[PDB]
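One chain is shown next in structure tokens, namely the form deposited in one PDB entry.
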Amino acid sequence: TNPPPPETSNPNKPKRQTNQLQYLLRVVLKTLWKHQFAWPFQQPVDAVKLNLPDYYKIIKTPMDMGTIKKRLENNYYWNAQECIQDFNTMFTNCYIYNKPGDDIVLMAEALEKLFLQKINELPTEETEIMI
């Protein structure tokens, strides 16, 4: 039984935009979304169809780049560091659930190695954007 996808909207929670959140959605995500191994992390993990035992019991915070992307388009994140946590949650969940060295781990590691390179290009200073 797969739970509903994580909320990408917050009808009671602050809606905000940033030149850093702008660089994330328009640069680092495009570069990640077009990566060779970026297809398993474009949507929520289908544990039932993949028959991953006790996945949602081991993984308390299921996350994926499809959820992260829609959150960037709905100004779900207050700042950029909040968005970097969803990427760290996504990667670590794969490292916690799978054997070190497996294909799915290697694909998240290469995807993460590029992510750490890309976010290092974000603006050091945070400036709001007129949303």
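Positions refer to the first chain, counted from 1. If you superpose the two forms and keep the largest set of C-alpha atoms that fall within 1.5 Å, you have the rigid core. What changes on going to the form deposited in another entry:
- Annotation: the position in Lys49, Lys34, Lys57, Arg26 displaced by at least 2 Å at CA between these two forms, with the core superposed, corresponds to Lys49.
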Second form
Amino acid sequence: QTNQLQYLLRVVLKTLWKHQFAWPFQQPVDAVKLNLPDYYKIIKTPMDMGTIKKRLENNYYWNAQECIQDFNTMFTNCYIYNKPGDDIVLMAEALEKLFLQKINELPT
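Can you now output the form deposited in another entry? The one shown was the form deposited in one PDB entry.
Below you will find a single chain and nothing else.
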């Protein structure tokens, strides 16, 4: 699915990347550097937009569903690790709503 993956990179990911809420999700959560000793115990599948970007740029995805799954993992990780009403959850919910608006227009 070359065309769907090209859209995920140039439209979906780029749109989220340019939002001012993107920065907490643009690189992996380094739990050691961030002094989060419990992060890897709770979150078993870390994921971020920087990793998604490199996977799209290096053709590591075989279809669009693989890429969409990584986006959802990123969002759920944030919802699981943080509480409702946390500032970062507000940012993630807005980014996910934005994500779903662009996934509606995915080509066939």
